[PDB]
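Just one chain is shown here, as structure tokens, and it is the form solved without the named molecule.
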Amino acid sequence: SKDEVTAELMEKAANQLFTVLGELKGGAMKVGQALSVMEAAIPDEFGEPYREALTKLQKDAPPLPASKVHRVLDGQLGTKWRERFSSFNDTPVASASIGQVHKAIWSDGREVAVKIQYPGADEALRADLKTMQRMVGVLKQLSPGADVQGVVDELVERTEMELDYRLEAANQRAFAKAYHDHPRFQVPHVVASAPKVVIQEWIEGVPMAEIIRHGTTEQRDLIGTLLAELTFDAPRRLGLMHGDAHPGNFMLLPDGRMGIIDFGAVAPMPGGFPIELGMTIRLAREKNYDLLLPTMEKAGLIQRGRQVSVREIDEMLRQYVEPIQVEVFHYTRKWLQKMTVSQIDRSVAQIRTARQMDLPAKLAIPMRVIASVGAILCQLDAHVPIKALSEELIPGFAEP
């Protein structure tokens, strides 16, 4: 096809762009130059231990043979692991990030998904982490003006999240407890958890990706509205956001509930959804700039002590304001595209953005999640009563 190609070309362009972003905002030199420095400044002897580790992963390429699945299970649940099951299907039904998923029946008769990590994944990912740590050290010491603050911590955190299934299992447990018997959301219970094996209740539904491709209008509207609701309900209900969203995370169940099956990106929100956001959107809708600008500055949504353009503020907030100006908003790719085109031509005026590029965490986290969700709503072509959801669930949005 000519579309596979275009998709991969877009992926390529995005990675190129992010590499350039890293060069300009982080590494303080081009990646090739940095690489030359790194190769000079990192011992040759570290090369082979790196390579070997990657190799143990390349071996036994997906899917894993039955024997090795069984070996991982031996390692995590003990050599008598079969006693935990009524039956186990050796043929995987799906692939995961660094493992594969099997369908099985638990000893209590419940159907379960069993995620098995690939045996070579731990060593490979930790070797990769070590290499990137060394490289960060090289940049910090030898690349003038490099900003690598928080980078090693982020790498360690991501690596640990990929390698230890128990973390996501705990997130999922919090959610499964919160949404037990909920009329609209279904979270499968964690049946067992180990670093390299995690087992949860099996649920059958229509994948959101399928609805995005071929869904009926009603399927699209329903699962989109459910996702929108989850987004604001979760921090209100249990002080967590489900986090960075991807259609693989969700499904539409026969009874009209949305199944949520992945919890790797759960984000902390102890105080709930910050009131400043809903407040800002309400004031912006009303074009009450006299109150809007101080509210935003106090919140840290715009830079302090600056001359700002209300036109730029409007542009900044329109993607949040336009959907709640009608009872039911039609989230479309066309609209999102319109939201990407700037109102202020820079040849007309050379202003410095009022936008906050150092958002406070409590704002940055939900805003990022919301961006991913909104993009998904547009892919769904979903009609969503976001106005009513916002009034009901988002602090500060309803007229006081």
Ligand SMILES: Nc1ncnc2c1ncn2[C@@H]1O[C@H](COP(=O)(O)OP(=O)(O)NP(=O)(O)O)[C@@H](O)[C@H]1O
Second form
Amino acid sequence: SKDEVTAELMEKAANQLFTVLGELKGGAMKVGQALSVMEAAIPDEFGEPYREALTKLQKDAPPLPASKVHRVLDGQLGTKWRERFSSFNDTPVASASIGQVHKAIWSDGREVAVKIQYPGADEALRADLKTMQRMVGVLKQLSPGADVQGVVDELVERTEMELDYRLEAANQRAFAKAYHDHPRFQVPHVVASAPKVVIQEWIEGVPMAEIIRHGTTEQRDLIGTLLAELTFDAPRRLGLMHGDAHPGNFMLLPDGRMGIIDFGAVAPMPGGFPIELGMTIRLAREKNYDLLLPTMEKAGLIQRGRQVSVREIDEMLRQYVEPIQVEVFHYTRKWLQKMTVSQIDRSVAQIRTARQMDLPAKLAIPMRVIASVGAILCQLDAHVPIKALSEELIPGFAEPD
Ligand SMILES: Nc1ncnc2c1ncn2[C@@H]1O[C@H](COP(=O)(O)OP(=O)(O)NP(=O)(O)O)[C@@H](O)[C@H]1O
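One more: the block was the form solved without the named molecule; return the form deposited with the named molecule bound.
Full assembly next; the chain just shown is listed first.
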């Protein structure tokens, strides 16, 4: 397809760009140069074990045949795992990132989704982690000016999150408890959890992806409004944010609730949504720069001790301010495109950004989630009463009175 191809080209462009970002901000040299160094500095004896980890994941490429599924189940729930089910469908209904999902019926009569991890995923991903740890070591020792601070920790945590299904299961349990019998959100309960098998209540509705492509106006508006609400309700309700959003994680149920099924990227927000954010947006809407700039500097939203352009502040807060200037905002791709257009052309003025490129975690985490959610709202073409949601759920945004 022409479009199929365009999507692939965009993906490759994005990966190229992030590779360049890694070279300029991390590795302190081009990937090819670094690779030549790495191959010289890493023993060839480590090459073939590496390969012999990636072998078996290639073996038995999707979907897994029934026997191997049953083998994984043997390993995780015991050889009499069948006794825990009323029935089990050997033909997978979906794919996961390093596994596949089966529909089944639990022993108590409930329908469940069973996510089964691919047998060779563990050793492959751990060997891959080992290789990247060695490469980080090479950069740290031999690449002058390299910044690899925190990188190994991030790789370890990502790997462990992918390989141990129990972590995601714990996150999901927190949410399932919090949103039990909620009038607008449905979180399936975790039925059982193991490192390589996780079982939860079966829910199905209209996938958000489907609503993005063919949804009615009312479907779009509804699921968009629900996502916006979840985003600000969750840290308020249980001190957690669902995390970076993706349409694959959500669905619209027949009764108008939003089903939420993926909890791998849950982010900690113990104190709830920080008040400085809602406060900043309110003060920016009123263009109260006298109070806005000190508030942002205090919060760490702008760099301290710098000459700041008010025009640039307006530009950086625009995507948050414009939606709450109306009762019901229409999130559109057209509008988002406008939000990417810079107010300050660099031939007019050469300023150094006031933006904080080292955001405090307390701010960085929810802001990243909000960005993902906002982009999804624009794909949905959703009409959302974000002003009212903000007034009720976001600390500091409502008129102080
Ligand atoms: N409770 C459920 N009911 C129905 N389908 C489910 C359920 N839980 C998961 N699925 C399906 O499982 C598949 C993978 O879901 P997901 O939770 O994203 O696993 P994952 O791939 O490990 N996470 P990710 O790496 O971000 O894609 C999707 O096609 C979902 O439709």
